[PDB]
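Next up: a single chain in structure tokens, the form deposited without ligand HLZ.
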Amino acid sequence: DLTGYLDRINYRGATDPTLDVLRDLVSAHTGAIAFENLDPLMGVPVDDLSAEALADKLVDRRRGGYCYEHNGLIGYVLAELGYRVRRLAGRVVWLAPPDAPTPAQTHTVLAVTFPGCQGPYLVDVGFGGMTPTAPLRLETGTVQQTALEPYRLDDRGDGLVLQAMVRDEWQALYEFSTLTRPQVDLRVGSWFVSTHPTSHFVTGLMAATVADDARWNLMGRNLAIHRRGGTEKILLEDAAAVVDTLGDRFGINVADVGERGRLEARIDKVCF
């Protein structure tokens, strides 16, 4: 199934486990497979994090997914190619002040090593809205410029916090432990975020992708295109326009979700 995935992300290069290949895979993945939560929005949990289920959805069915699906899938691919992959858990703190409540531990990211690596790399292709489109050195202090924003890791408690300069302010994105977590713990987290009535992935629509040096971010009916030069904001007119945008700009096979009218009705209720 390695080839199905590589075709899905339009990847052409070498497949040896090197830093160059990791960079090129991460760039290809993040440009090809959207972040989206249409399953949880429609009452379909994200419960099966196996390679086969994630490939069937994100590759064969041309859907996107959220963190567990993205980092699930790329993690399996990287391991098949000969990288060593450890799955980590984190808490999302984006836009939160330092005195905010402790968030649930419902993000997942990867620590990746390979022959000749100078150290481990953080890979996260699943953090919709702000996901780094390059592997990042798992090291604190260093400012790490990507094709988009600069990122930086710092020590926090008995773990790390990933930050990015967004527009003109350094913003903490998520905090994470560098301890490997078992697959079952990731499943418990994904169940919560895909089914809990308070989950932002159950109560609203979120989609994200990257195209032409720009982030395309959709929160409900609110589309934002963050380009180098600035940000364009568009208010989508109705649920039909939102579905058209998911298919046309985010590359999602929205037909997979079922009857277009049922998707539109949910979007109408939630987003309008």
Contents of the next structure:
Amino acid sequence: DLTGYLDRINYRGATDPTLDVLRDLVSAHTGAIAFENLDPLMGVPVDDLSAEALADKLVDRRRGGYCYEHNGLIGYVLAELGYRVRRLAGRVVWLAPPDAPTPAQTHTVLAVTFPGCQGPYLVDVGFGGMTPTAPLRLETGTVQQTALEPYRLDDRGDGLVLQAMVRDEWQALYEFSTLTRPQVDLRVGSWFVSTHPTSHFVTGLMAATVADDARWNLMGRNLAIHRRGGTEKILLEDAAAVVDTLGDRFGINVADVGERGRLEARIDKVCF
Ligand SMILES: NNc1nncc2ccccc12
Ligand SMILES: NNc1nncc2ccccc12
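Switch over from the form deposited without ligand HLZ to the form deposited with ligand HLZ bound, please.
First the chain shown before, then all remaining chains and molecules of the complex.
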């Protein structure tokens, strides 16, 4: 299974559990496998978070996925390579004020260590739209510049909060505990966010990729290309054009979802 994954992300480097390999893997993964919620949008739950199910979808079938699928898959890969992987749970606070109601635990991230590491590293390749394209030092206060935006971790209560410089200000993305969460808890969270009528992944369409000094973000029919210099926004004309963008620009095997007419009609009723 390891080979199939490495070919999918077009990785060619060494496979020893080191910092450089972790960097190169995260970079290759985020540039190759899109974030998408086509399953929950089409009424297909994300329930099965085993190595076999995630590799079947994200590698063999050339589909994307969301946080549970992305960090699930890379978590299994890193474990096989010799990294120590702990799975964590998070609450998403992006664009919300500090007095917003407590969000559900619907995000999952990884705490990663390896032979000779000075400290633990945060790995998150599943936070569609703003996922860090580098492993980040799991330490507070330090500004950590990536290939795209800079990131910063801060101590918030009994846990931590990940922040990123978006446009002109520091934005809180998600807060999380560093306590290990059992697989079953992650399944419960993934079920909620993929099946609940109020979930943004059920009511709408979201897709995201990086290629390579730019972010390609899609919210329904609204396509945004974020570069270091600025941002360009494209209003997609119809549901048919949205599907084309998902297949071409985002590299998703849209045929896997089923008949294109059904996907177009779902996008038409939801986004238009
Ligand atoms: N799939 N996990 C996620 N859960 N809630 C909100 C999110 C917002 C952006 C990206 C991923 C998210
Ligand atoms: N470097 N500061 C930055 N701040 N906001 C957005 C960015 C997007 C791409 C690259 C850099 C960015």
